[PDB]
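Q: The primary structure of each chain is shown beneath.
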Amino acid sequence: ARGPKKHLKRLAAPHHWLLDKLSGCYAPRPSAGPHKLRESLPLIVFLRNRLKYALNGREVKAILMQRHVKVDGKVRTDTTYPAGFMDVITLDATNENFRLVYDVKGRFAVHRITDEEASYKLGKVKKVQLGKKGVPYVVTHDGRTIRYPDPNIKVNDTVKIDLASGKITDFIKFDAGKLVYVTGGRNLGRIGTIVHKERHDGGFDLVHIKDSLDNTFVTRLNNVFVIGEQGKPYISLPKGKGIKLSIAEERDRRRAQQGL
Amino acid sequence: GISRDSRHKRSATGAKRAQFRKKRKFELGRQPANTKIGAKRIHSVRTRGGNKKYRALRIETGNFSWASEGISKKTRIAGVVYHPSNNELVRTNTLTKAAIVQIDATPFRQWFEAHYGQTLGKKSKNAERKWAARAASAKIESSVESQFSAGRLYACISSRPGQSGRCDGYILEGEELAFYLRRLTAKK
Amino acid sequence: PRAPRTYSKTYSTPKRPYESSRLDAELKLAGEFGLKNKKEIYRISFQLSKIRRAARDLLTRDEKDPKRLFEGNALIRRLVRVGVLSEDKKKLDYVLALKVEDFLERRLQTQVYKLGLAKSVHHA
Amino acid sequence: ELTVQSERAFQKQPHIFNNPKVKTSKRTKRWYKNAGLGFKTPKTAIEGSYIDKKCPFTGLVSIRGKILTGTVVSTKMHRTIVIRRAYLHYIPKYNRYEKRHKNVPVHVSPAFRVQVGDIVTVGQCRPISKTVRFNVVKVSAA
Amino acid sequence: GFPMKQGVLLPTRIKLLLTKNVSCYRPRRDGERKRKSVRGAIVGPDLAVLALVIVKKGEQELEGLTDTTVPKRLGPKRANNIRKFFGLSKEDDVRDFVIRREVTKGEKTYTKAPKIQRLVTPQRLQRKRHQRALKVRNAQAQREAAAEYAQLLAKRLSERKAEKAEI
RNA sequence: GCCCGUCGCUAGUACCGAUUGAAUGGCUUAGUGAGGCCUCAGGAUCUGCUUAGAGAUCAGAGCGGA
RNA sequence: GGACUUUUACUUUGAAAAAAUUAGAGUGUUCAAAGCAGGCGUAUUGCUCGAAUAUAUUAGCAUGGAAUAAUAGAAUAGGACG
RNA sequence: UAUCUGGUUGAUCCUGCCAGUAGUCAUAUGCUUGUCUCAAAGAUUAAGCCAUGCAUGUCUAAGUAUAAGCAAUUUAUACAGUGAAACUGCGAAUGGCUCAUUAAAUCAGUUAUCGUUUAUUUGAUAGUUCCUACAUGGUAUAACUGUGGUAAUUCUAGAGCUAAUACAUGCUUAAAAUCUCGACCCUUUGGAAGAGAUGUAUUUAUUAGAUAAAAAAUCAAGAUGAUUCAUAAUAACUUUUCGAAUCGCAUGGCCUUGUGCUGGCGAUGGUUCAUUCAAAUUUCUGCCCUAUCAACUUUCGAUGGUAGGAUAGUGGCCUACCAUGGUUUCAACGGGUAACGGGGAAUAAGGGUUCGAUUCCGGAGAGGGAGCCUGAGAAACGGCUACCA
Ligand SMILES: [Mg+2]
Ligand SMILES: [Mg+2]
Ligand SMILES: [Mg+2]
Ligand SMILES: [Mg+2]
Ligand SMILES: [Mg+2]
Ligand SMILES: [Mg+2]
Ligand SMILES: [Mg+2]
Ligand SMILES: [Mg+2]
Ligand SMILES: [Mg+2]
Ligand SMILES: [Mg+2]
Ligand SMILES: [Mg+2]
Ligand SMILES: [Mg+2]
Ligand SMILES: [Mg+2]
Ligand SMILES: [Mg+2]
Ligand SMILES: [Mg+2]
Ligand SMILES: [Mg+2]
Ligand SMILES: [Mg+2]
Ligand SMILES: [Mg+2]
Ligand SMILES: [Mg+2]
Ligand SMILES: [Mg+2]
Ligand SMILES: [Mg+2]
Ligand SMILES: [Mg+2]
Ligand SMILES: [Mg+2]
Numbered sequence: 002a003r004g005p006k007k008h009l010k011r012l013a014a015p016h017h018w019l020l021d022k023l024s025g026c027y028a029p030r031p032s033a034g035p036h037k038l039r040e041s042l043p044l045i046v047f048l049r050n051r052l053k054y055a056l057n058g059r060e061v062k063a064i065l066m067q068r069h070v071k072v073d074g075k076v077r078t079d080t081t082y083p084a085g086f087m088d089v090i091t092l093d094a095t096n097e098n099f100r101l102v103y104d105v106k107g108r109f110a111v112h113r114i115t116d117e118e119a120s121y122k123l124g125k126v127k128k129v130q131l132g133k134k135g136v137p138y139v140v141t142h143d144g145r146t147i148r149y150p151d152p153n154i155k156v157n158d159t160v161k162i163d164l165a166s167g168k169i170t171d172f173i174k175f176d177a178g179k180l181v182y183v184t185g186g187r188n189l190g191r192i193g194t195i196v197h198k199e200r201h202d203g204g205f206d207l208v209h210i211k212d213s214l215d216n217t218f219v220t221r222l223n224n225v226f227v228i229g230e231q232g233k234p235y236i237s238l239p240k241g242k243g244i245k246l247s248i249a250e251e252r253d254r255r256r257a258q259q260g261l
Numbered sequence: 002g003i004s005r006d007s008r009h010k011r012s013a014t015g016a017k018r019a020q021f022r023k024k025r026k027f028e029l030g031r032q033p034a035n036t037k038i039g040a041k042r043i044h045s046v047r048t049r050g051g052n053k054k055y056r057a058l059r060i061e062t063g064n065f066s067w068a069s070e071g072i073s074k075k076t077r078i079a080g081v082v083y084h085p086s087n088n089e090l091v092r093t094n095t096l097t098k099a100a101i102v103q104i105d106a107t108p109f110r111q112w113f114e115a116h117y118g119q120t121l122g123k135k136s137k138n139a140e141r142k143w144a145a146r147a148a149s150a151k152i153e154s155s156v157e158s159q160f161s162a163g164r165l166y167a168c169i170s171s172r173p174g175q176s177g178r179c180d181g182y183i184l185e186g187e188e189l190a191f192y193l194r195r196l197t198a199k200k
Numbered sequence: 002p003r004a005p006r007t008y009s010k011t012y013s014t015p016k017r018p019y020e021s022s023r024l025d026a027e028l029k030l031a032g033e034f035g036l037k038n039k040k041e042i043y044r045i046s047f048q049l050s051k052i053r054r055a056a057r058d059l060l061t062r063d064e065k066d067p068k069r070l071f072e073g074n075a076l077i078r079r080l081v082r083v084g085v086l087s088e089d090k091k092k093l094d095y096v097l098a099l100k101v102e103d104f105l106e107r108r109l110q111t112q113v114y115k116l117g118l119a120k121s122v123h124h125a
Numbered sequence: 004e005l006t007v008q009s010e011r012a013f014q015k016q017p018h019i020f021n022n023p024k025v026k027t028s029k030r031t032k033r034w035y036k037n038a039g040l041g042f043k044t045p046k047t048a049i050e051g052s053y054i055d056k057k058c059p060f061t062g063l064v065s066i067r068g069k070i071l072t073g074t075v076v077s078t079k080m081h082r083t084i085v086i087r088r089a090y091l092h093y094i095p096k097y098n099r100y101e102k103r104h105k106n107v108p109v110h111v112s113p114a115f116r117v118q119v120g121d122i123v124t125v126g127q128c129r130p131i132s133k134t135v136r137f138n139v140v141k142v143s144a145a
Numbered sequence: 060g061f062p063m064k065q066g067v068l069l070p071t072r073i074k075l076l077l078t079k080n081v082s083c084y085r086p087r088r089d090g091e092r093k094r095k096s097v098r099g100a101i102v103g104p105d106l107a108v109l110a111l112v113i114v115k116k117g118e119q120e121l122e123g124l125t126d127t128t129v130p131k132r133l134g135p136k137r138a139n140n141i142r143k144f145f146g147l148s149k150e151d152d153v154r155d156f157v158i159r160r161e162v163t164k165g166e167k168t169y170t171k172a173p174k175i176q177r178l179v180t181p182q183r184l185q186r187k188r189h190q191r192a193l194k195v196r197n198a199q200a201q202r203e204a205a206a207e208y209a210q211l212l213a214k215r216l217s218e219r220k221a222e223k224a225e226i
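Chains as they are written, first to last, in full-length UniProt numbering: chain A, 2 to 261; chain B, 2 to 123, 135 to 200; chain C, 2 to 125; chain D, 4 to 145; chain E, 60 to 226.
Check each hint, because a few of them may be wrong.
Here are some chain C residues the structure puts well away from chain A; computed CB gaps all over 12 Å [unchecked claim]:
hint	residue
1	3
2	7
3	14
4	31
5	34
6	37
7	72
8	74
9	84
10	87
11	119
12	120
In silico EDC-like pairs for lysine to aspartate or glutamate, Cα to Cα no more than 20 Å straight-line [as the list claims (entries may be wrong)]:
hint	chain 1	residue 1	chain 2	residue 2
13	D	32	B	28
14	A	168	E	203
15	A	233	A	206
Hints are computed from structural coordinates only; laboratory data are not their basis. Ideal Cβ placement from N, Cα and C applies to all residues, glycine included.
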């Protein structure tokens, strides 16, 4: 239609920002950036709608233009900056550290983390290729290319990232029985360690997951983010640890925790 | 301008289509370069997304590789001989891909006889060394030599002059030059 | 280009336009609790006709079906909350009977008079 | 069939070089490949002299996307065929089906010998011609 | 009021297609062309005004022309154009050869000289040294990674030839 | 008792119908063809590269650029 | 990883699947249509549940099923098996 | 939320339709109109026409300031604050409006790119350029000054100035290895100082990119379901792409005392690769009425093959040359639509029936047609060019 669309209409914004029908026409369009449009949480969504620090957007800019915010270490002043899965948002006054990690409900939860744990992150290797001049590289989900990778890193594996410099400090291969974080499908928000994989040459491999209550469920390989070893996650999971209670269980817990 | 879209052009059933929307920059097309021989003249075509492409018309020289010999020698392009597509491209001597030319041979005779000390057809130290070292090697071919006697070599352009900006080719060799020689005296 | 602010209507109107039996009944209900509108009768009879369908819909499903249980229990505890359903009779099979005045009695027009305070439904 | 070189252009596989200086007995060095997906490149594709840049084996054409099956209803077009793909469509009113069909144009390598009535297997391709988007990967009948 | 355009020949007017960088047209917009009416380059009765420049002065003074002289508004700005105006070369360090223009606050008489860009300062030297510095700094850092990976690749082979020596 | 068809009065709808009838909307043969674009040329003027001369920028000459 | 495999219909489960709208949980907008908010205390430095769930079919993709209905087969035996 | 009632007869039972009944995110209109909340609205007919105004502009410490501007703190004697105008850069390809066209089209769901372009954003990525200004190289304009035309417009002419991240040029860097050449010496089996070439991009040829289970004789010297993939090697090719003549803040080590070698933070650039925003084609299946549409398609591309041209790129997209093919009673092709498609709406036993110009997504268009300039992106219209009205 003659070009790129620079606008976004509220109700077309992906549902997981939890934006209200009335009170304005449009929802913010995320910048082109580390993360795709549908999976991302712009910084006006996070600084105002979640963290309730900013009332307007005009205060979201008064905040972002004083460098109070940084992302994966970098100050990052863009009112629509597309933060994403595994990013670490850091505010140097108030001394707060947040990683963006999914709800059980599929949404983005504010998850507070340690001044230290903040200093790294996990990418999932999206591809690894042999680049120009013979230098191999790997590239993460979050848009980082990293030169000279460990040759045992293959596609779909996660990686620990330095975040002080670009350096990979560690990796976990994709194997039967490794703790996993589903990013995608309805099963988004679950955890649970990888039974095994269906092949399907012709595209779309399937990954059978069983979380820590012995419940079973499947997705496609795309959605499968390897986060650690049985028990042994490499980051601090938010409460609920992605077990996905039934509506029945969730009604009970909420009404079981009652007396004033 | 020209349009390459298939919106026109009856559906395979035989069904004439009506006309929805219009012509569009990205379905566009442009005129052939129809490049000829001599006096290099090149115009920069500005294509999609920046992206200069080069429109060659009137090109006198080209970079031609001797495949079996592992070298490429810039030569003159003397004239066009055969084209599979359009006889007229021969007659007007228009430079295209797949076009059969005759090139120079002269930088090919000046490398060949400096390399092997052989002198197609018909005193230093280290020179004599490799010259001996190279043998049962310089056999060439029955139909590669005899062309050096008229000092012009059959080549076939592998490049796209109207796109790239160069007319480049390889020396017709073995089977190919066996094929293309047949049509040459089966037309002449 | 903004949100549709969604809406709906609270009532239904009777299929049979002139029926004596119903016209008396409607009058009697409107005299008892002191309304101005067959609409206010209509409104509630719409409130019931939707509750009864839901009940009926949960009854075709198997006993101890997650849906029937979760919503069946949720509705019942809702009706008990305002006092349309009796403690003794809440298994959802009495919502399937219930009746119109059961809701009418619970109106704050009626409760004002029903314990003192008014001495009329029209004073209420 | 026959005639190999009978076209106006010399038909050759691109970048497939036999040095004349080095004497050989094949007289043609030939490249082929395997389509994959458990599709065996037949012997006729590796023992043949044909060129066919559009053959999924000896050619440049990359097989990806759908993999379909249907019966060969027309061999006239040289190096291409048409297959009638029967299917049944569901009418929600009458709760029954009805016989519908489609004809799909597909390029058959001379690597195969096909007749009309022999069912065939077929798989998706980059656009090869105006109509043909599919190439013949297996002969499954008669 | 239609102007002449050089090169059109003709003692007439013709409408033409005009682009950027051409006479009697100033585009409003990038890549905008506008078809407009222009007058021929050959002089005739139809002209209201004829533009005359003097090549050789004549035998009598022209009062409004020769008797008077009008200044050039602005003097050299860039470093080397001052040096070509004043005949300096590269030693002479302009800085004092720059034009000064007095202007009055009415009791406070002022002076204003332009500025220079492209002149050589301690700043510009520090930047070229910065650049040469980063270029060699990275390339040697780059061989550091290239070798260190080469190490990781040959010591993985010796865990390959050792694992080949266990069984 | 029912009830048919011509004929008579008034009102309406459609129909056939000389007008080689008429209009709107779309395709189109033949013929003519604005304009932009590409391309063969053109060169109002305005520089370059080169070479030789003189005095510590002006006669003269080649090969290309806008 | 090598070598080969008669084809389908039906049916099962699963994945992938915009929001809004539909059904529907929760919440005293004073009721209500709505909204997705809100609810709790040193109300003097915070505390916290949410913002679910269902339907989402015809076709495509993945899986269980082998009833029902088709299809193929070995008779001039060039049939199978080795 | 599974209901009927009135009307053909003297009466009867049927058939059967008319009437009655209720709902409508369904328009109009008549009558009547107090409150709170919510709030559709020139779609329908005429994508028919338009007066006037407004709707696209934009500056950070950080490209260009001699305003003959404004502030004067006198502290900038190259300039400094502020700052019109103008240049430069970026945007005007989004939004908004409307539903004419459009019936295998669009659109939906599902696929494809081993078939392409892609500003920006994010991650990376550059020691290789020739006595030569590198302490840094060119003259060429706006604004401005001034002289003018024309009834008239965002019309501009002739003259005189002066800038750059505009234009146009043009230097530069460590060690090493490999390649051909080869002055000499000396006969072997043979060995050599020293000369040149090797960044990246572009163009072509050729080679490497292994891997169903195994051993001998002689002649010559990493990835994928899959690839001609990634990547690298050889010989060349090039009106030679890129490799910083740019800016702001701080001023420090280092002194064998100098403008002296070094040197902090970050702005804008720059080539490729990836990422992200996209884009463009594309697989499978699904659209209303119609035979008073039965054959359709190949003037002149119809279906295919070969090659080229072209495109960003697949491709009868287009051109040559060759074949005679492609659709069809499973309804082709033609006609129609008060036809944009979908999310959805209305009607609630169930199955259906009817609608969707309209708040969201996809598409189409800016009176009609066609053409193209700019640009990453427009076949743009609050851009141009032409024709018709
Ligand atoms: Mg738009
Ligand atoms: Mg000729
Ligand atoms: Mg009669
Ligand atoms: Mg009468
Ligand atoms: Mg209340
Ligand atoms: Mg409080
Ligand atoms: Mg009667
Ligand atoms: Mg009726
Ligand atoms: Mg009031
Ligand atoms: Mg209208
Ligand atoms: Mg300033
Ligand atoms: Mg073809
Ligand atoms: Mg082709
Ligand atoms: Mg219409
Ligand atoms: Mg419709
Ligand atoms: Mg619609
Ligand atoms: Mg309409
Ligand atoms: Mg509306
Ligand atoms: Mg819209
Ligand atoms: Mg348009
Ligand atoms: Mg237009
Ligand atoms: Mg517009
Ligand atoms: Mg307008």
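Q: Now look at each hint and say whether the structure bears it out.
A: Hints versus structure:
Some Cβ of chain A comes within 12 Å of the Cβ of residue 3(C); the nearest lies about 5 Å off, and the non-interface call is violated. Not every CB of chain A is more than 12 Å from the CB of residue 7(C) (nearest about 9 Å), against its label as outside the interface. Consistency note on residue 14(C): stated as away from chain A, and its beta-carbon is indeed over 12 Å from all of that chain's, at 31 Å minimum. Its beta-carbon lying about 37 Å from the closest one in chain A, residue 31(C) satisfies the requirement of being farther than 12 Å from that chain.
Look at residue 34(C): its CB is around 34 Å from the nearest CB on chain A, clear of 12 Å, so calling it non-interface holds up. Taking the minimum C-beta to C-beta distance to chain A, about 33 Å, the non-interface status of residue 37(C) holds against the 12 Å cut. Not every C-beta of chain A lies more than 12 Å from that of residue 72(C), the closest at about 10 Å, which undercuts listing it as non-interface. The claim that residue 74(C) lies off the interface is violated: its Cβ sits roughly 9 Å from the closest Cβ of chain A, which falls inside the 12 Å cut-off.
Every CB of chain A is more than 12 Å from the CB of residue 84(C) (nearest about 20 Å), matching its label as outside the interface. For residue 87(C), the condition that its CB be more than 12 Å from all CB atoms of chain A holds, with the nearest at approximately 22 Å. Interface exclusion of residue 119(C) from chain A stands, the closest Cβ pair being 34 Å apart, more than 12 Å. Every CB of chain A is more than 12 Å from the CB of residue 120(C) (nearest about 38 Å), matching its label as outside the interface.
Annotation: proposed proximity of residue 32(D) to residue 28(B) is violated, straight-line Cα distance about 40 Å (limit 20 Å). A threshold of 20 Å between alpha carbons decides the hint, and for residue 168(A) with residue 203(E) the separation of about 14 Å falls inside it, so the pair holds. Of the supplied pair hints, the one linking residue 233(A) and residue 206(A) is violated, its CA atoms being roughly 25 Å apart against a limit of 20 Å.
This entry does not satisfy hints 1, 2, 7, 8, 13 and 15, going by the numbered hints stated previously.
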